[PDB]
Amino acid sequence: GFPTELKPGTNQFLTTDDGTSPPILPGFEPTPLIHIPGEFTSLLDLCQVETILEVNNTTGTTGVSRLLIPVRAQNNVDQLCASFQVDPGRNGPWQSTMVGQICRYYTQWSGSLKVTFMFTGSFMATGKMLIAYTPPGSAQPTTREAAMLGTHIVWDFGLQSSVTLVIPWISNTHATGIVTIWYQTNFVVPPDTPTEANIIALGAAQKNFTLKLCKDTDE
Amino acid sequence: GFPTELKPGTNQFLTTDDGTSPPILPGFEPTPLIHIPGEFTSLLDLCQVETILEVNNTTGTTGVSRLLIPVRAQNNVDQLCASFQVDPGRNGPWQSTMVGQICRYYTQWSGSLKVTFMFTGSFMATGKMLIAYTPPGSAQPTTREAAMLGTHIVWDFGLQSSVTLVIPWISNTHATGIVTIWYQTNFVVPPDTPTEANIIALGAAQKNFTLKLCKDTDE
Amino acid sequence: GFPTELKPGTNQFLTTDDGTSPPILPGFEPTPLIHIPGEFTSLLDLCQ
Amino acid sequence: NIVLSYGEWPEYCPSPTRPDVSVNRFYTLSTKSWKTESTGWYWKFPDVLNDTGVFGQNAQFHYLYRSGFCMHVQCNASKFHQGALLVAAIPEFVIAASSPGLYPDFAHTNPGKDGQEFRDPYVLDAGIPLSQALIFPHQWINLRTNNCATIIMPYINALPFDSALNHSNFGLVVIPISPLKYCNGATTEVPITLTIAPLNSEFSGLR
Amino acid sequence: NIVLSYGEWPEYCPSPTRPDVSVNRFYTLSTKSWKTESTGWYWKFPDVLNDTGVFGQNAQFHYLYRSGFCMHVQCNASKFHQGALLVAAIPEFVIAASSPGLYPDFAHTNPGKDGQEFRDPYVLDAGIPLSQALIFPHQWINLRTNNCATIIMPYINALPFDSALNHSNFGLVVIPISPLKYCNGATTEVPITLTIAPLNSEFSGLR
Amino acid sequence: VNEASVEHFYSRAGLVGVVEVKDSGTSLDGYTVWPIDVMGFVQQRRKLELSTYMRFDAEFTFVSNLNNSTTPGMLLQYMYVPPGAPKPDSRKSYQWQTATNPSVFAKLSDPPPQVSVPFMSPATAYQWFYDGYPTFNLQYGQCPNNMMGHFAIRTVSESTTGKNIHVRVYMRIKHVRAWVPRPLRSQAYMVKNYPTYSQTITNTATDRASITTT
Amino acid sequence: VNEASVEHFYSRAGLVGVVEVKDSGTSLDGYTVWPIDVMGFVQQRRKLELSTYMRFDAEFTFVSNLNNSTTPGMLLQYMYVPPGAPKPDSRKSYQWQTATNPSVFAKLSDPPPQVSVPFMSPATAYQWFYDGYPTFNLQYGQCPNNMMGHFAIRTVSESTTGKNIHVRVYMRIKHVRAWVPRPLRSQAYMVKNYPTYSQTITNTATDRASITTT
Amino acid sequence: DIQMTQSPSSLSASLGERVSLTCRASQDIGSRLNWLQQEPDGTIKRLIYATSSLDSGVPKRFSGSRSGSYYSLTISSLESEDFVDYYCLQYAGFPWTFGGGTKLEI
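Chains as they are written, first to last, in the deposited numbering: chain C, 1 to 174, 188 to 232; chain C', 1 to 174, 188 to 232; chain C'', 1 to 48; chain B, 30 to 44, 53 to 137, 145 to 251; chain B', 30 to 44, 53 to 137, 145 to 251; chain A, 71 to 206, 214 to 291; chain A', 71 to 206, 214 to 291; chain D, 1 to 106. A prime marks a further copy of an entry chain.
Think of the hints as simulated: they come from the structure by calculation, not from any bench. Check each hint, because a few of them may be wrong.
[Claimed, not checked] Simulated pairs of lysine-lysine, DSSO-like, Cα-Cα distance not exceeding 27 Å:
#1 A:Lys251 <-> A:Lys162
#2 C'':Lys7 <-> A':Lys251
#3 A:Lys251 <-> C:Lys225
#4 A:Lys251 <-> C:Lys228
#5 A:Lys162 <-> A':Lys177
#6 A':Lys251 <-> A':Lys269
#7 C'':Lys7 <-> A:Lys117
#8 A:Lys162 <-> A':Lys157
#9 A':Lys240 <-> A:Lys162
Sequences and hints are given; from them, build the entire structure.
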């Protein structure tokens with residue numbers, strides 16, 4: 001291998017490369033490695049952790065009160081409570097989720113999400129809610145009896161205080190699902206009990222989430 | 001391996017490198033190697049050798065008399081005799097120790113030291129001294145009965161003429190220990206005997222000493 | 001061994017070197033070696 | 030339901054003064070009235086004990102220190118009370134100022157054993173957003189299901205041993221997401237209690 | 030308590054005139070009065086014997102030489118006397134001048157068998173500091189514990205054989221760190237004695 | 071997977087600082103010192119401030135040229151002042167010769183010099199968030222065990238040359254291991270070295286008209 | 071450990087001499103001879119004077135350029151006059167052709183030439199301290222078995238070129254083995270080749286107010 | 001020379017007063033300043049050595065002290081046999097200079 005001719009691409013500096021270089025301090029023995037607890041080796045394991053969605057993001061509502069969905073008493077049946085698209089990586093309620101931020105450090109992604117809801121009312125307060133999910137094809141349903149014929153989960157928060165709505169698939173390559194919360198029943202309370210509670214939604218990504226083509230963000 | 005492209009870092013000269021070069025005199029047979037006694041292959045083995053500390057470093061005291069701690073007769077009990085910080089590599093009494101100089105050829109170090117004391121008075125002269133060591137957290141103790149509740153060694157130089165005060169740990173990465194010598198008892202002598210002796214301190218580094226990030230000195 | 005960076009000492013000509021070079025006449029078969037008497041392979045044998 | 034932070038019980042660094058159940062007792066700090074206007078509280082990790090009992094003697098009169106904790110928050114709330122807390126332990130919780145003066149006051153970075161009420165809990169007082177605070181070890185306190193939250197925290201730091209009066213490893217934040225509510229004729233201030241128990245503590249460099 | 034320099038007894042270079058106990062005797066040089074004002078002394082390694090007995094005939098009437106030594110210092114001191122010596126053997130002890145004339149006089153670089161008193165013992169007369177002289181082979185003479193110091197020195201040089209009247213390998217320094225003291229009515233000059241014994245000597249190049 | 075890992079998330083060496091060897095006009099320095107700083111640009115800062123403790127060694131490349139993109143034969147010296155060595159103070163200064171400060175002697179008209187700095191830190195890993203005070214207001218949260226060194230760059234000359242040399246330092250993070258993930262910074266960065274934000278809070282999520290509109 | 075050893079303590083090749091090929095004005099030499107000297111700078115001297123006998127071979131690099139940092143195509147000859155060969159005396163001199171003096175023919179606009187001088191000494195190892203007189214006042218402590226040679230550098234030219242060439246010789250110590258450690262020099266270095274100090278002694282340790290103050 | 005000099009050239013106090021005589025050094029002299037008491041016609045005795053410690057026989061009324069560059073001597077209550085001259089001596093500056101005098105009156 002004594003005679004060589006330089007093929008093209010010489011004297012070039014390609015940033016995204018895994019070349020080698022001489023150590024500027026040979027012999028140096030860096031500080032050894034002790035076991036520090038809590039190492040994360042993948043941003044996927046950070047996405048799969050549930051964080052809050054600013055579902056109440058609205059003009060005027062400031063402070064922590066943007067993370068709360070108001071569920072009150074005099075909201076008649078079949079009325080609409082809240083709705084938010086399933087798009088972790090478009091400006092909306094997902095923009096405050098660990099998934100909604102990491103997905104802005106990449107270009108394409110595809111997987112299954114989940115939206116755990118949590119009721120924060122009195123123990124004596126009972127009722128029922130309808131939580132319906134609409135695939136990307138259709139649009140937001142107009143009535144409660146129009147969303148019951150979908151992929152929903154009726155929620156009796158008096159009995160069970162937290163549910164999960166697993167999104168089947170959400171892929172971003174080139188028109189996104191919608192989740193609506195309908196007042197199934199009324200909001201019934203015994204005497205001497207507050208008549209206005211809150212729902213807290215938490216978003217995440219299931220174990221099938223993937224990311225591709227890392228890129229800078231738009232803050 | 002005929003076609004190659006020059007990755008970046010070419011035609012550069014990096015001083016701290018272990019490259020190769022052609023011998024400017026091939027065939028030459030240098031003078032063979034005969035066994036010369038006394039080879040040292042590590043500066044640690046040079047640090048671990050005890051040398052004198054200029055503990056008496058004071059404005060005015062000149063000559064060899066800077067290596068001597070005056071222990072006299074009319075120094076009442078519980079009085080203070082001498083004190084010096086444990087900092088091999090800061091301007092002080094350690095600046096005249098083989099450790100105090102090598103540690104100035106490096107950036108960081110950590111290990112255990114030792115300060116062997118030696119009494120140079122008459123054989124008939126008897127007495128007792130208190131030698132207390134204060135961790136970096138606290139400050140110099142104010143009274144003898146305040147240092148007895150520490151990590152000390154009472155020294156009866158009439159019986160045993162030399163002791164050792166092993167420093168547990170002294171690390172320099174970013188507030189250093191202090192060693193004080195207290196007059197436990199008086200300085201008693203029989204008639205026809207000098208009433209002023211000297212203590213000679215010798216510093217070293219235990220077998221756990223380490224050095225890191227070699228650098229030039231400030232003379 | 002495709003990517004390489006040129007360490008210092010390049011394009012230099014060091015006289016006292018044992019490098020290699022291309023033969024300017026390949027295929028050429030020089031006159032063979034016949035036994036000539038009296039070869040000396042060391043100046044020490046000349047000094048003695 | 031004890032959230033073992035990062036799945037690591039606090040352990041003794043293999044082979053320093055290793056105290057025992059005399060110091061490994063249950064320090065029950067003062068209670069804090071949780072009101073509707075309440076924003077939150079936070080306590081530094083070893084600073085909350087540097088002046089409380091034996092742990093205040095082993096910390097100040099030393100030079101090196103390492104220990105886990107067993108933070109345990111409870112809310113003596115009624116059944117007609119509603120609300121929700123977010124109890125999270127934040128490793129290296131660094132407080133930030135808010136310029137319209146550039147550096148946090150010392151009272152806000154080492155509040156003592158009383159905690160400092162948040163001035164802007166939406167941003168955790170540290171720029172980072174509260175919505176993502178759940179990435180830290182945490183446990184919800186939802187008065188309709190349970191009023192207890194126990195967090196087991198190991199020693200999280202770069203060096204094995206470190207100072208106890210200068211470097212405060214983490215900070216236990218307690219933030220009400222859903223504010224407290226109640227009809228007229230109820231205890232207008234739900235009390236919040238915090239219990240601490242150093243686990244596998246060590247010390248070095250006496251006096 | 031014989032400090033074997035660098036852990037090597039002097040040995041015969043494997044296979053020159055190899056003398057015997059006729060030359061390997063105990064040369065006892067003159068004593069030197071150690072006073073309070075005393076600064077120190079130093080004797081070169083083979084220069085101290087180049088004019089003493091048989092060794093002065095084997096060294097001058099030759100061309101090559103190598104030998105160890107058995108320097109042995111003793112101080113006939115009383116029990117009411119106090120002081121301390123530092124007896125060190127300095128390989129390649131090179132003396133330096135002191136400019137306010146540039147090169148050391150010949151009397152100071154080859155003092156003979158009488159030694160030259162130090163003019164600045166704090167700097168060992170060679171720039172290097174006395175405080176670090178203990179890195180050389182050495183032994184303390186502390187009058188309160190012992191008054192003897194024996195140093196076994198091998199042949200330390202680059203070439204196997206070397207000249208004996210030009211290149212002096214080492215120099216035995218004797219420096220009082222803690223000066224001598226005594227009450228009135230005592231011997232005001234403690235005597236210091238030095239004994240030399242060439243070990244495994246060799247010679248070559250006669251006349 | 072394998073593209074969302076922490077080892078790949080910090081790859082693709084980027085510009086960490088544009089230093090300039092001012093040598094003409096009213097700035098006849100001839101040299102310049104650039105303190106090694108990772109959190110120099112907000113984009114890289116916000117990413118590095120996702121974890122608490124991180125351990126990595128870096129490879130530094132210097133894309134230097136004149137102010138009209140021409141690369142003459144001018145010789146340059148890249149001296150790496152280690153963490154704890156005195157920095158130079160002039161074109162002609164003793165520090166430029168100290169053999170403990172490794173130097174790289176390359177020219178403007180040569181492939182950019184590329185060295186590899188090791189993991190230079192007293193502690194086990196770098197600490198971007200250090201709750202506490204060092205030196206047991215202007216000191217809170219300032220860890221001194223994150224300094225990696227200094228890169229002093231000068232044109233090897235005798236008198237003023239009259240040519241400004243712009244250098245673009247490029248750093249690549251290798252062997253990275255991160256610990257204790259943190260929420261990504263939401264507010265702006267009002268000042269460097271501090272987490273200080275501004276009074277007017279900016280909501281993380283954009284505000285729409287009503288809660289029930291998509 | 072492994073970073074305090076004697077093999078690493080003398081690594082990191084440093085500048086051992088800045089020679090200049092004066093060729094313009096009133097110094098129309100065209101050549102220059104630099105006697106190989108290790109104890110040229112106090113910093114390196116004090117380190118080398120820690121041991122008595124030392125054995126090592128060296129690698130020499132020549133970072134040459136003009137006085138405005140530009141590196142033209144000018145050809146240069148680096149001739150290594152061995153220890154005991156007559157040195158050149160002019161630009162045009164017979165010595166520049168002797169085949170026993172190895173030469174390196176490189177240009178200014180080329181990677182710095184790098185050769186490797188072997189251990190050139192009659193004795194077993196170099197002797198920084200030689201108590202005794204050679205040639206069995215101006216001769217005490219001058220060992221002649223420490224000379225490593227001479228590096229003569231000239232621009233291969235016919236008439237005066239008119240361009241001064243500054244060369245920076247860099248030496249790296251390899252395979253070093255040291256013997257008989259010595260105390261580190263405390264006083265200044267009043268003159269080269271001698272241990273001569275000055276009358277006004279400088280105390281090794283700094284002087285404080287009282288013995289009992291920290 | 002360092003030229004350590006005493007400020008009060010002559011002072012007068014009562015038999016129960018507390019005199020404070022100083023000696024202001026110029027250069028750094030360290031804790032190597034002594035006080036020498038001189039009789040009206042007799043020899044000169046010593047009071048303080050190393051600026052702090054009394055001698056082997058000096059009474060308890062005398063005491064030394066140090067304050068920056070203002071080495072001073074203070075008598076407790078000025079008993080009898082005190083209205084004599086005073087000197088301050090330092091042995092740091094090698095010329096070994098002296099001060100002036102503090103002949104006390106009443």
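Do the hints match the structure? See the list:
| no. | hint | in the structure |
| --- | --- | --- |
| 1 | A:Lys251 <-> A:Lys162 | violated (35 Å) |
| 2 | C'':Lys7 <-> A':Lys251 | holds (18 Å) |
| 3 | A:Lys251 <-> C:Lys225 | holds (20 Å) |
| 4 | A:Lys251 <-> C:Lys228 | holds (18 Å) |
| 5 | A:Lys162 <-> A':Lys177 | holds (26 Å) |
| 6 | A':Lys251 <-> A':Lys269 | holds (25 Å) |
| 7 | C'':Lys7 <-> A:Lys117 | violated (35 Å) |
| 8 | A:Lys162 <-> A':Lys157 | violated (32 Å) |
| 9 | A':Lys240 <-> A:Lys162 | holds (21 Å) |
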